[PDB]
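This document starts with one chain, in the form deposited in one PDB entry, laid out as structure tokens.
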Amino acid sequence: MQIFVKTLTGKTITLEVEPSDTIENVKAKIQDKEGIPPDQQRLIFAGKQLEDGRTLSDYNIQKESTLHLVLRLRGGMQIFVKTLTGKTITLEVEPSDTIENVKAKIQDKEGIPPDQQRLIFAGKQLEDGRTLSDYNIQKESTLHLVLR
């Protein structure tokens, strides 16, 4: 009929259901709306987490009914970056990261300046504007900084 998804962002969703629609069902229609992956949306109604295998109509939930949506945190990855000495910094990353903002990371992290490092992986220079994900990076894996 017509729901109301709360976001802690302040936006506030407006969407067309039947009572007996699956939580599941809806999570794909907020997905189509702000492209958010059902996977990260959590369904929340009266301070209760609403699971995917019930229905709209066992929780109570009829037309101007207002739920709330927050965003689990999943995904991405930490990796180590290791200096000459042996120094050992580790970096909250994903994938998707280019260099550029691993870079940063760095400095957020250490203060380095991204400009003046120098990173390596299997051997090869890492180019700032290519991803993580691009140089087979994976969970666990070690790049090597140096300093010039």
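Positions refer to the first chain, counted from 1. What changes on going to the form deposited in another entry:
- Treating the chain as two rigid parts that move between the two forms, residue 77 and residue 143 fall in the same part.
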Contents of the next structure:
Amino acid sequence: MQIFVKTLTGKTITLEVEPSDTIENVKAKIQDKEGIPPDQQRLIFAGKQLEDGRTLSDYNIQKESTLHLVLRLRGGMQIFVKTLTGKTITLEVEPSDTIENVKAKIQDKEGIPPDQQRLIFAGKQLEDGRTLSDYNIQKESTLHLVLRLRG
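Alright, leaving the form deposited in one PDB entry aside, put up the form deposited in another entry.
Left out here are the partners and the other molecules; the chain alone remains.
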């Protein structure tokens, strides 16, 4: 049977599968088509993240069903960055990322140059050359962003 996998970039991948295929099997088929390692793949169906050891039938995935694929860094984690101007943003980072790297990521989402970002965690201002690991910043930690505005 055929199932479809939608990606966030807008493309759709068509796969030939059996109801007995494992999620692991499905990820390997996606790798065959797209070259993406299974460990970077998250598959979503019925609002749930699919587990590698279960089968399509376990999730009631039937012919012509659509799954959603989201790519994530192996060994990555999410952190939250609370601003003082309204928004809390969500970032994917790695423990080995330097504070400089994280500021680069905030610039991508929020458009603020690193030089104007002051990041604070557990009451301490973070230094650019240190890593998230150095500050023991863990998954789902919340950092605070203060903007340096001129004038």
